[PDB]
Structures are given as C-alpha cells and as structure tokens.
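Residues per chain, in single letters:
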Amino acid sequence: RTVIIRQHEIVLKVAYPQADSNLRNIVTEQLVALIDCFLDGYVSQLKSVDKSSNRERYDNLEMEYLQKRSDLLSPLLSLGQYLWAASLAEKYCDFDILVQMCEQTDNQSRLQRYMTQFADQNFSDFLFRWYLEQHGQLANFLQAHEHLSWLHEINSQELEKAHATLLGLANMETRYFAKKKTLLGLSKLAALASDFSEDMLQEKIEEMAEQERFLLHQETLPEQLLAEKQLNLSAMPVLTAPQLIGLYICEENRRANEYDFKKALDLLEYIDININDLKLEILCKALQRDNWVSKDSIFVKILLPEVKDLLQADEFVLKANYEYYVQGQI
Amino acid sequence: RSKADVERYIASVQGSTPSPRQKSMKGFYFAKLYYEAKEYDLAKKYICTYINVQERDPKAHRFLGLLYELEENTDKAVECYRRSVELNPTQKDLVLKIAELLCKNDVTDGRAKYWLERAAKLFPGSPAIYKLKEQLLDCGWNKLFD
Amino acid sequence: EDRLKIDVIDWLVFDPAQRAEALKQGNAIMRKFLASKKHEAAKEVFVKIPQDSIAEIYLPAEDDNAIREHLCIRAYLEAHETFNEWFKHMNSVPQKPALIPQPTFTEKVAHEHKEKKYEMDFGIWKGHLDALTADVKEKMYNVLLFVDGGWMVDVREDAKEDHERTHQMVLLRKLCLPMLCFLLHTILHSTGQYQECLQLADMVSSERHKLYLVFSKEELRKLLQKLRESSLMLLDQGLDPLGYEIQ
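Chains as they are written, first to last, in the entry's author numbering: chain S1, 775 to 907, 921 to 1059, 1064 to 1083, 1095 to 1105, 1119 to 1129, 1141 to 1156; chain c5, 3 to 141, 146 to 152; chain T1, 667 to 724, 736 to 924.
Isolated chain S1, as found in the complex:
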C-alpha cells in the first residue's frame, strides 16, 4: 500500500508529461507505464487466486477494487495508443469493457470479431455490453435478439415469426394498457401480412379476436369515472376482470346503464376467488341505482338459475319481476 501508491503516482506523472513530449519519447514512457501496470495487475490476480471460498465477502470486495483500477488504467490508456490495449486487455486477460470500447470507437468490427473468436462467453458479454451503453446496426441486428426480436424479424421478412413474439410480448404486458393494445395490433398486422394458409390464418385471427374481446372492455370505460377516479388516459395499467367489474359498478360511475353491467357480467369468464358473491354484488347495485327499469333490461339482454333469491334479500317488485322471470325463462 506504499509500493502500490508509488506506482499509481508515476502513472499519473507519466500522464502529465506526454502532454508535452516529442512523439517517440511519449511512446517509450507509455510502453513503460504499460510494462509496470502489467506487473501490478498480475500481483492482484495472483493474490486473488491465493484466497478463495469462506470469508468471500472480503474476496469480492477486493475484486471491485482491482476492477475499479483496470478501469482507471484503461481510461488513462483511452487517450494513449490502443496498440497497447490489446496487451493490457490480455495482461489482465479479461478487462473486456475497455478493449470492447476501443473496438467501438474505431471501425474495427474486425477486432470485436477477433475478440469474440478467442473468448469464453464474450458474446453473451458484448451484447449485454451494447445494450447497457450503421455497422452498429449489424450489431443491432444481433442485439435485437430478445424482445427486440420482432424488429429484426420484420427486417428478415420473417413475418410469421414476428407474429409469435409480438403476441408473446402482448401477453406478459401488464404495465401499460396503451402498449398491450399496440402490440396485438402489430402482431395481427404481422400475421395478416405473413404467409399462413387460409386455415392457420383463420386460427391466429380467431384466438386473436378473443384477446381484442377482453381488452375492448377496459377500452370502453366511461369518461365520467375516469376523470372522477383521476385516471391517466393511456398511461394506465392492464386491468384484470375483477378491477374492471368492480370499477364498472362503482358509485363513481354515475351514468351506469344496462351496458355497463351487461359487460360487468361478461367479465366473469375472465377470472381464474368467489364467483357467485360478485354475481350478487352487482345485481344489487343494479337495484340501488334503480331507485325503487335497468334490472328489467338486463334480464332482457341475457337471452337463468344464475341469479340468486332468498340469498338476495340478505321487495314488492323484486318478487313481482321474479314471476314474469319464471315465465320468460320458461
């Protein structure tokens, strides 16, 4: 810790001087501070390999310390010649983040192909190191492998393929409604534009028609309760059947009419807890709003031992309509 400090002290003083130095000289003191830095990084590598296992916390804290220095020796060599980078990258034979950004600053897509040619899992490293950060679109062509899939799939004219992943990303989608809607639309336009047999196509667009059928529900949410509930227009999440059924029936939804409940009884097959507790919850606010007309209609829209009764009252025209509701069902 004094031996080492006196070396990181003359790196920085060998950095201040090449700022004013005849060309050739500034290189020989650079091949030198590369000769010296490659003996420090070799001694921290040999001490690592010396210690292992238990008390690991101390062995993964000394890694971060040598890794913040092969980064401070790399940046330092970012101004310097990269002809030495190849040897600094090999000396601490990984420190790839530095030799990977030297291959990026130049047109050597030949070097980043020569790097991955002789490497152990650099490919899984150069793609995750491109995403964290022209010919960069040829590396974008390979980096578009993963969810960005559909993109390079439209490009490759692999439409059917684009449709499968576009639907897959539509399904996992929960964070943004406006986006779950966009992906299906794209998936659909992908599939339609693709080369399915009229049979397969008819399946993709039917299994699809289903998705659009559930969505349409959250889609038709009245504009009275969405400013009441102070909701973002599009910047809202993909709601589930429950939230929907319960929101279509809120006392906030003021103009709630036959269609609001009919659709709040259509979203019961969209569940996967208590079914017939809600079946009641909703038919009951279907009457609170009546102010004892709508119950009337929703029994007219259904076309029946779904609804309950004695359980319900848990009253003069409830039974009265439940008589010409035993004649209707019959």
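FYI, nobody ran anything at the bench for these hints, they're computed from the structure.
Possibly wrong hints are sitting among the right ones.
Listed below are several chain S1 residues computed to face chain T1 (Cβ distance under 7 Å; list not exhaustive) [unchecked claim]:
| no. | residue |
| --- | --- |
| 1 | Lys966 |
| 2 | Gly972 |
| 3 | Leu973 |
| 4 | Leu976 |
| 5 | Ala980 |
All residues carry an ideal CB built from backbone N, CA and C; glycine is no exception.
Knowing the structure of chain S1, use the given hints to seat chains c5 and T1 on it.
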C-alpha cells in the same frame, strides 16, 4: 315559423331517409332552421351531429363557431373557426375573427400574437388591424404612445 | 373528354329541380377522376356544386348515399389540400448562414446577425409547421376514421343495384386508404411523432374499421417496414420500440 314548423319537419325527412348516416347528414339542414327559430341549445346538437359525419365541411364548422359565438364560449367558438380555416384557407374573414377573439380573451399566450400577424397580412393596414394591435397591448402610458 | 364530363355538370346545376341528379352525377364524375388522382379535376367539379346543395335537396336510398359520398369526397380532397401546403412548407426550411472562413471583422459581425436571425426563422418554421401538422393530421383521421361506417361506404342499404358505383367505391378505398396511411406515417415521421406512428397499427388492424382488408399483403409489410423505422428513432431517444420509458 315556430317550434311546430321545425320539429314537424323532423318526421318529414325522417320518413324520406331513415338510415343513421343520412339522418345525421341532414343535421346541418336541420340546424339551419333552429338557428332561425331561436333555439341554440337545440341547434347546437343538430349541427354537432352533422359534424360527426361531415367532419370536413368548413361551412358547418364555422356555423357552429358562429353559434358558440352567440353562446359567448370563446374557447369553443375559436376552435370551430380554426377547423373551418384550416380546411379552407380562402376564408380571410375568419382569420381576422380568430385574431380578433384571441386578443380580446387573453393575450398571455403568443398564439394571440401569431394570429394577429396573419390577420395583418390578409388585411394590410385595415382599420380593424390597429384596433387589435391596441387591444393586445391593453392587457404603460409611454408604451401606448410609442 | 375531360371537359365533356365536367361540362355536363353546369347543365344539371342550372336547373335546381335536378340538384339530386346533379350531385349524384357529380359524384360519379369525381369517382373516375379520383381513381386517376386528378384532384384539380375533382375539385373544379366540386366547386360547380353550389355550396348550399345539401341543404335544399332535403330521402331515397340514392340520395342518402350521394350526400354521404359527396362529403366523403370532400373529406378526401381536404386531406390533400392541407398536405400539399404542409409538404410545400417542409421544403422551405430556413437555410443555415453561409460561412466565410478567415473573416474580416466586418464579415464577422454581419455573420453574428445572419446567424441570430436564422435562429429566429427556424423557430417559426417549426411554429408554422406544427400548426400545418396539427391540421393535416386531423384531416387524415377524418378520412381514415370516417364517421358512421367508414370512407366511401354506404350507410343506406336499400338502393337499387349499381355495380359500377359500388365496385368504384371498393376500389377507391383500396387506392386511397393505403395511400393516406402512408402519407400520415410520413407526416408523423417527418415531425418526429414516433410513438403515434406505431399507433397506426392499432388504427389499421382495428376491428372497428377493418382498414386492413383494404390493404394488399405487400402494402402491409411496407407499412411494417415503415413503423420499424419510426421505432428505431425511438430507441435512439432511449425509449422502448413503442415509445414507452424503459424502467
């Protein structure tokens, strides 16, 4: 005419063209007579429905803007004129109106300034143009003098 | 023969008792010209139709449709009148000040000003643009999302057979709806509204309009290579393909 004359004509064309599209395409010509019978909450909804099917007619849009002008709803009236103007640029008098209304309601936004510049180049140095220039400034004594 | 047809209109317009036949025939004539994209032809006819025709005529299945068709056609025309203005403007951007390397102290100041004036014009040419973009867009959505049954689609279904017209109305949809979409995409892309570009795939695929049926398979892919282009620019901005923040 009266209320009966105009609301009885509802059944006249209702019995001649009953489909929703043609029913709504007659809204402008329905609204044409309610504006004459002094019905502005009714005429508004008649024209607004024709606008639901004929959304690219500069005449209908202006007519609603002129009706919102009688209602004194500046924000609504201005927007209606805007649509008729963007559809048909030859409506110079509407460019003045927009500039005239934007400066009377609020000058804080530069949009009122912009529409005044256009109004000037459509009516070079007309008597109204300066009037609007003074209105925009109104929203200090030395300033007016200059 | 163009004149023969555009001239038979003034003959039918002259007699107000034939305004229903003047409009109907005006439509037909404008249906031939639209299929050729003769918009100055279609419009020169469109003005001959008195601005108050619709009001007076007030309904047989043949008159309800011709009134609808006429407005559809106006919605289409207005969607090209405002684009050509917008497009004309996009191609008149203030040019950068010219540089005089090794300037005299005179040329240095003339340039400090020319450089400061240009940094005023480019702001307005985005100003006028935004207002011509907000307007041309609206029109393109009035045609694409035509109210009450889609563009060039009859609402009345009890007229007598007219295969010429009917198939002229299907065609006009397949020539002009793919072409209006691609324009709107070009307008949205040109103004950097990339999130919305991608939302053309909702509008089109929509079951509410079934616009995707008016597309040939080739046109689709083309629209899909147009959207992937907007997407890119959204990645360059740091957002996901569809414009939503990457959390």
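Holds or violated: is the Cβ of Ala980 (chain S1) closer than 7 Å to a Cβ in chain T1?
3 Å, holds
Hold the hint about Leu973 (chain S1) up to the distance rule: shortest CB distance to chain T1 must be less than 7 Å.
5 Å, holds
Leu976 (chain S1) as an interface hint toward chain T1, with CB separation required under 7 Å
Interface hint status for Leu976 (chain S1): holds (5 Å vs cutoff 7 Å).
If you take the shortest Cβ to Cβ gap from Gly972 (chain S1) to chain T1, is it below 7 Å?
Nearest chain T1 Cβ about 4 Å off; hint holds.
Checking hints one by one. Is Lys966 (chain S1) an interface residue toward chain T1, by the C-beta closer than 7 Å rule?
5 Å, holds
Violated hints are absent here; each numbered hint is respected by the structure.
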